[PDB]
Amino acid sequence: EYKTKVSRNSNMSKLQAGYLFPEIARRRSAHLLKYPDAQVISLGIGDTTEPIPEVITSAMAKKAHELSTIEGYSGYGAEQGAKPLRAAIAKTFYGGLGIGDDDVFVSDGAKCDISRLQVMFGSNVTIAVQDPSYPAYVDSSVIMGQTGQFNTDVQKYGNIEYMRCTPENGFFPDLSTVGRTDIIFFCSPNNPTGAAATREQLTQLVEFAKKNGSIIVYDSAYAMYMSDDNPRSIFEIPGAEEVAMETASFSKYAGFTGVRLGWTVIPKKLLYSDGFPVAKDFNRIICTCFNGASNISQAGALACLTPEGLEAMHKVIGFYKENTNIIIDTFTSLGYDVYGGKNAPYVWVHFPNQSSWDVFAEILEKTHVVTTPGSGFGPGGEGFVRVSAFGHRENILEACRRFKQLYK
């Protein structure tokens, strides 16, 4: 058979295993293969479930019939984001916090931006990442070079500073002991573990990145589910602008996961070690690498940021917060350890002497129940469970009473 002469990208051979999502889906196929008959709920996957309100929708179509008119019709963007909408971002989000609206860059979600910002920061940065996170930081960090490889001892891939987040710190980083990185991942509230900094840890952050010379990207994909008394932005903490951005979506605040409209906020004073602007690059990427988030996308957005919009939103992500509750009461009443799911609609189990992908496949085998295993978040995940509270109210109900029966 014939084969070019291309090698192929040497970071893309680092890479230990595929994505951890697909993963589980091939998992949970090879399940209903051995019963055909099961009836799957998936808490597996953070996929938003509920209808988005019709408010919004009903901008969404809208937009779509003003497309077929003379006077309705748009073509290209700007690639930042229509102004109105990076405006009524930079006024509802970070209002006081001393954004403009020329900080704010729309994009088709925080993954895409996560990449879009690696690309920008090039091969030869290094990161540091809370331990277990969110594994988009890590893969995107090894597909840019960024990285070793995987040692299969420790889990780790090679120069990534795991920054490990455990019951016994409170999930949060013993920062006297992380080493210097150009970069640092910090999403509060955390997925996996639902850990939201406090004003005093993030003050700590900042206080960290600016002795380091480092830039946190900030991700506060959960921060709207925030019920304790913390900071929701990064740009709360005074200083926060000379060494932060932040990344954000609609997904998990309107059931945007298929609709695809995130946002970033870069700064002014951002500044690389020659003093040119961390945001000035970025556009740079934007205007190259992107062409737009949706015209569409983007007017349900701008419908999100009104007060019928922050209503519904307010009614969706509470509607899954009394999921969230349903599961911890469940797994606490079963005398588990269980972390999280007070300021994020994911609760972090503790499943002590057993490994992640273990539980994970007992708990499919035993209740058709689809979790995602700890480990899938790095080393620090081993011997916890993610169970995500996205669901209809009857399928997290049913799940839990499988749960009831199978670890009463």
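Positions refer to the first chain, counted from 1. We call the rigid core the largest set of C-alpha positions that still match within 1.5 Å between the two forms. Compared with the form deposited in another entry:
- Rigid-core fit between these two forms: of 208, 256, 94, 121, the one residue whose Cα shifts 2 angstroms or more is 256.
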The other form holds:
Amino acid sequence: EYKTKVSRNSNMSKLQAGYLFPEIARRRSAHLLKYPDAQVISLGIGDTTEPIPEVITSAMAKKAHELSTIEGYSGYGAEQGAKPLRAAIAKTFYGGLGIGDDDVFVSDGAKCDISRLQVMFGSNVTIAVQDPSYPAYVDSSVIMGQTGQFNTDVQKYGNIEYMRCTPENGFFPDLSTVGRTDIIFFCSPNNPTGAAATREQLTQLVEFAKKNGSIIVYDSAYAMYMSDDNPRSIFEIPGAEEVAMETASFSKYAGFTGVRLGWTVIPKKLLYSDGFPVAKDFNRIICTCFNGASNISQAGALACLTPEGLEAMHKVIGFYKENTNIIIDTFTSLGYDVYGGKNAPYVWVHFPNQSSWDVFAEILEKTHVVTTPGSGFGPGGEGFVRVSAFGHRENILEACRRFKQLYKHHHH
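Moving from the form deposited in one PDB entry, what structure would you give for the form deposited in another entry?
The text that comes after this line covers the one chain and nothing more.
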């Protein structure tokens, strides 16, 4: 067969076999061949299941129709995002935090902006991540050339600082043990652990980054599930404006898909070592990778940031939080150590003395419930399984009675 003489990107080659998302899809389909009649319940991926509130879809449909009229029509979009959306985001979520409308960069998605940020930072930065955390940070880092090879003895890529977050340290790293890196990806409430950093912890984090001359990329995607009295934004910490940016996903904030839209806030005081403002480079990257967020999505996002939209968001969030309580009580009554769930829509269940892939396989085999193995979120996730609260109420209740059948004889 013919082959080009183009070398495969050696950073693609670095990636380990059996990435979380394609692996779960494999096992789930293998499972359905095995049990063609199984009623499978998915509590894997943070994948939301309830209809978009009508207030938002009406706004989107209205914008849709308007795009077929003259005066109601508009061509492309402002590349940083429509000014009214950037304004509404700055005021609704960052009012009093010293954030201007022009510090907010709107994108078509949040996972999209991890990527754009990684292209911007480039191949020669080093990164720290929570261990465990969402696998996209690590993966984007490998792909950009920021890492060494995977080491299968420690299950880590070389040159990434994995900051261990455990029950014994209250799921916040011991910073006195963390090596300096250029970038610190920090997600609060964290996926998968559900842990939300306290004000005192985020103060330590900002002080650490200041001393090390690092940039924190703070992912507040799940901040709307906060129940404990903890900061929702890194910019609530004085000094964060010299060392941090913040990224969030509308879909995760609103508790529903359909508004395909994220943002990144980069403050004026965040500077590279030569004094150049980081925001100017991000803006420059948006002028090559982008044209604008979709105007129908923008119309929905704008509808969200109103009394009626905030009320619909709160209600949806409240529904998933009651789903989480059902799951917590199920595992707690079964005798397990259950973490998270308070400030996020998933629970992080400790299964000590089994590999998380084995637990995942056993739960799927025996109950037809899909969960997510902890080791999918890095080596610090080994020992745990994440269970998502995203599903119809009936499905959550049915999954929990199946857990109860499965695990009844495990504990006393």
